[PDB]
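Enquirer: Here's the letter readout for the chains.
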Amino acid sequence: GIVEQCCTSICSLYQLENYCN
Amino acid sequence: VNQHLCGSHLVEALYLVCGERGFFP
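Sequence order for the protein chains is A and B. Note that UniProt numbering has the first sequence beginning at 90, numbered continuously upward. Note that UniProt numbering has the second sequence beginning at 26, numbered continuously upward.
Hints listed in this document are in silico derivations from the structure and should not be mistaken for laboratory results. We treat Cβ as the ideally placed atom computed from N, Cα and C, and that holds for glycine. Check the hints yourself; a few may be wrong.
A few chain B residues that face chain A, going by a derived Cβ cut-off under 8 Å, partial list only [as the list claims (entries may be wrong)]: (1) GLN28; (2) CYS31; (3) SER33; (4) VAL36; (5) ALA38; (6) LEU39; (7) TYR40; (8) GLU45; (9) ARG46; (10) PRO50.
Each pair of labels, with its calculated beta carbon distance range [as the list claims (entries may be wrong)]: (11) A:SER101 - B:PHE48: 26 to 32 Å; (12) A:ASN110 - B:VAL26: 15 to 21 Å; (13) B:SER33 - A:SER98: 16 to 22 Å; (14) A:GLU106 - B:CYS31: 24 to 30 Å; (15) B:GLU37 - A:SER98: 27 to 33 Å; (16) B:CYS31 - A:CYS109: 14 to 20 Å; (17) A:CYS96 - B:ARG46: 16 to 22 Å; (18) A:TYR103 - B:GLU45: 17 to 23 Å.
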């Protein structure tokens, strides 16, 4: 999920954007 | 610099990137 992808590991702008509305 | 985004810092980044919020996933 987002916390695994962005908190545990490092995520990019494009990855973050996948979770927007 | 710290590139990790956790907790309130992740929320803030999502508000920045998405504008009108995103979906808690």
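Enquirer: Looking back at the hints listed earlier, which ones does the structure fail to meet?
Expert: 3, 4, 7, 11, 12, 14 and 15
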